[PDB]
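Protein chains: 2
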Amino acid sequence: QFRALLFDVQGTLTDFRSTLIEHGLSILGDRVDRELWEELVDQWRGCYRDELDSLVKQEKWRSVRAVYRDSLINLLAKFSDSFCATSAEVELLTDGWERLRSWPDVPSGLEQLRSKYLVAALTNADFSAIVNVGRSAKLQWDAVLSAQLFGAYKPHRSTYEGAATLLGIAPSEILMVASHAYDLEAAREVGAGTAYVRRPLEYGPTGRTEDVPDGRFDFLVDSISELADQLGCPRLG
Amino acid sequence: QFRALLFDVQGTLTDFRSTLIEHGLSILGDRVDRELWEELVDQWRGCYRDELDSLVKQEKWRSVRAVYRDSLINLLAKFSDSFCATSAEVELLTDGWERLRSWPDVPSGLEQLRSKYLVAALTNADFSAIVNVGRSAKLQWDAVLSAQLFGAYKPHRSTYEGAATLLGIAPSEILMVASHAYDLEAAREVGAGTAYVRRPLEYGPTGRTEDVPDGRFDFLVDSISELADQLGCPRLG
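So the sequences go chain by chain: A and B. So the mapping is simple: PDB author numbering equals the position in the first sequence, first residue as 1, plus 10. So the mapping is simple: PDB author numbering equals the position in the second sequence, first residue as 1, plus 10.
So here's chain A without its partners, still in its complex pose:
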């Protein structure tokens, strides 16, 4: 049925929240309290989402590193009374988004899938960032794809379709894999299969994630290994 599996990375395969909390607290130390920082991280992601949403609607693309950097700068102003940072520290903090760690099932799951399928990333993050995340999150791919290559972010159709063209396959031959429903709904619009991965801790132990019922998407799993098992991929030794 499918020839390739295309993956969202931030959240779906990576624990961004934990990564940035600890990264930040290591750059900043006692200048900041964990609870303020965690709240900042939560707002930083929100800012990212809002800016991308605006950009998508305006049919524009910009460096995601810049999006992240500029949102941190704005947030630092909001929180100026509590702590401060240098421009050099801004660059270091922003780097955390390129040092994402993976959820425990990811490396092995992805490897299991490769017995039967090509695996590729389709990310909104810039090409350089995904290459970097490969090392921090231990992801091995057949291909790496980014919005930067198409000049458009997901959910735009061009992304998914462009990936297909690049991979020499029809969109119907792609299974999109994501823990964000908007991504899967846009993939289904171009004919792809959809696989939702539940990440209950994506937004922290007290966070609220999307509740997805059985039947909305083709697959509904709690780990990439589980998805590989449901697609009939043999197990690793």
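Hints are supplied without guarantee of correctness; some may be wrong.
[Stated by the list, open to error] Simulated pairs of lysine to any residue, SDA-like, Cα-Cα distance not exceeding 25 Å:
(1) A:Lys148 to B:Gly242
(2) A:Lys148 to B:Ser146
(3) B:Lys126 to A:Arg109
(4) B:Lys88 to B:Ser146
(5) B:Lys148 to A:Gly201
(6) B:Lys148 to B:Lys88
Calculated directly from the structure, the hints in this document are not laboratory data.
Position chain B relative to chain A; hints supplied.
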């Protein structure tokens, strides 16, 4: 000194000649003699080269799969007194260029290199072709880059510079690895380092060799593992 290595793939890492000889004989069987099929493969590589040379001069890009397919159709007409092939066999033979096997040093050389460097493919072949060749040749990349992403073949500057900016890396921090002098001299012009890999059997025992003496390029080696050793990579037991 370097953050990443960018590699030519066909010939540099892959024994395309042996691949397409055994692949064609596997498909055509006894309908063609081995020595005739070998001469066809050499002319087929020659047609690809002349065609790309022509397109580079015209600032044009076209699918490399269609380049191999059309030139094979032409060669079949010239050899049509001797053997024949169906339209389905044309497509199966052309697939040979997406099933390239690697030289024996290559899979473990690439692995040793990854301990200190990012490694990426920069190929004239279509994106899907290099993705398929990763399975047949056993190549694992941090990134795969193709002339198809840039609309231009190597040696155009825009391919190396495009690779550099997508990776977010200064060209002076990229080492280009190739067994073809034209490729390394082109990379040198954009500021990259150069590593020449001698492949005495690329065009078979009686082939057109360009001799490179020492000092023409930054590195001159006989295997990717030797290159890894010269870059100070630990050997992996």
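Taking the hints in turn, this is what the structure says about them:
1. A:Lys148 to B:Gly242: 23 Å, holds
2. A:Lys148 to B:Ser146: Within the cut-off at roughly 23 Å; holds.
3. B:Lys126 to A:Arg109: 16 Å, holds
4. B:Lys88 to B:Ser146: 30 Å, violated
5. B:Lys148 to A:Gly201: Answer violated: B:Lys148 to A:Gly201 is near 31 Å, above 25 Å.
6. B:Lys148 to B:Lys88: 35 Å, violated
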